[PDB]
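Listed next as structure tokens is one chain, alone, in the form deposited in one PDB entry.
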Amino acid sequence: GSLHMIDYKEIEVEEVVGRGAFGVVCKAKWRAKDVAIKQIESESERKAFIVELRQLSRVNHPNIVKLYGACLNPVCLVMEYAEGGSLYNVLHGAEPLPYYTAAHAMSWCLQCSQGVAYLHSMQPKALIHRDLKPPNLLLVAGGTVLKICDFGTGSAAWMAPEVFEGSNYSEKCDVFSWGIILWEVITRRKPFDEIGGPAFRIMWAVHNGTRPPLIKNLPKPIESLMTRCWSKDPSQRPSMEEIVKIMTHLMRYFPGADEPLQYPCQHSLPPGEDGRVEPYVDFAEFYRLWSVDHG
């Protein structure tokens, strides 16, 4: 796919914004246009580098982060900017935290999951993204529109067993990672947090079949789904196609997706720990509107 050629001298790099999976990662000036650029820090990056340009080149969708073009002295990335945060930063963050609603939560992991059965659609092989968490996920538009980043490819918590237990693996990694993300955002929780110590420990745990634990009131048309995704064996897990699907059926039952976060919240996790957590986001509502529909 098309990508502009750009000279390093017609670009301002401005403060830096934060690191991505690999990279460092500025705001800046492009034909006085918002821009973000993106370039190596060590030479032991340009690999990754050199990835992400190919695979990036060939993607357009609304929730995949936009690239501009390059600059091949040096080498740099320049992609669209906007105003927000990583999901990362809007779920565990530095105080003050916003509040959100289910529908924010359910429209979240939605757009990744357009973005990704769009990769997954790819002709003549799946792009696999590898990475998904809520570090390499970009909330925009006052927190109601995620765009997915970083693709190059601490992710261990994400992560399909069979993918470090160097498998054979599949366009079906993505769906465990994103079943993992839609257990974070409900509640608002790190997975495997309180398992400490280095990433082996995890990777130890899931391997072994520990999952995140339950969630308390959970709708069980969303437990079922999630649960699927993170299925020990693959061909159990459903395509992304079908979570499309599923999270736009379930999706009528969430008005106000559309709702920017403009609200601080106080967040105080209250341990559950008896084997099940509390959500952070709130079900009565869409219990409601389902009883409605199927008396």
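Here the rigid core means the biggest group of C-alpha atoms that line up within 1.5 Å when the two forms are laid on top of each other. Positions refer to the first chain, counted from 1. Compared with the form deposited in another entry:
- Among the residues 44, 236, 60, 248, the single one whose Cα moves by at least 2 Å between these two forms, once the core is superposed, is 44.
- Relative to the superposed core, residue 166 undergoes a C-alpha shift smaller than 2 Å between these two forms.
- After superposition on the rigid core, the Cα atom of residue 79 is displaced by less than 2 Å between these two forms.
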The other form holds:
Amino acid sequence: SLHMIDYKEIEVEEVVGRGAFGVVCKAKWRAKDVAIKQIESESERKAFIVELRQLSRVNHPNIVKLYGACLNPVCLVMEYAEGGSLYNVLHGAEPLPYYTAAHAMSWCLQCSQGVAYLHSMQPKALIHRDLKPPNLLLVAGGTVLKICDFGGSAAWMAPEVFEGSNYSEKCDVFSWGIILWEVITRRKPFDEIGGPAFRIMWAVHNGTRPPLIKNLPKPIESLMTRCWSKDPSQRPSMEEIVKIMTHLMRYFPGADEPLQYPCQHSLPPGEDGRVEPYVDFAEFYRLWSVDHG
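Since the structure above is the form deposited in one PDB entry, I would like to see how the form deposited in another entry looks, so please show that one next.
Nothing else is written out below except the one chain.
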């Protein structure tokens, strides 16, 4: 499973942040870039063991990779993802990068691929339960996406979850839908509602959904809204999402192009309950017409 590491071989460089527990630092080990998560209190010891067990089973290109661990002190050593979070790319600090409809779709494809892996694990499936752009890392010039979990999430939370229902892996599907909307519009979902989280939960529980997107292709709108549905059983599985997104990528070439051009990005307030997309689908419609007569 894992490869044990001695803590003296870890050159700790800089602290990245603190999630639910522990602390994440950038570091170097045997002359490779690594991100480490180290324990801080004895209180956290069991939480690490759980996470260490989960990560030792997981091996997928679109999920963060576990190199090894030391047990004194207990510390997880990951392959360092360099490009920062998807949240940062979408909404982070000046200057923001330009990205295409192809990047958007490729990000969401890569996310469905990683979640479908987690949902398919044997003997028991892993559910993410906290899918959102701050938990989605980008690498290789912003072209490759890695799922992770640092441990408010209300804007991406399936209604059955925050209402204390016996939820399933379908909750991840709901989140994926919200993220799809988000990367396409480059807007924060339910940003106008605001206040505390329960105001968003109230809205979504009552059926509120992100506003519809102008000129959005019907095959994409159809997928997106199925994922949003109140009844979990009417949401597609991740495997179906992977399949559909894989087929759709045929009409979205260029996703291997690195993010490099800066972007002065105005957010024109979309009134009348319908917003404009950030990305441009003109090339999709053209490529689609060519194929369909």
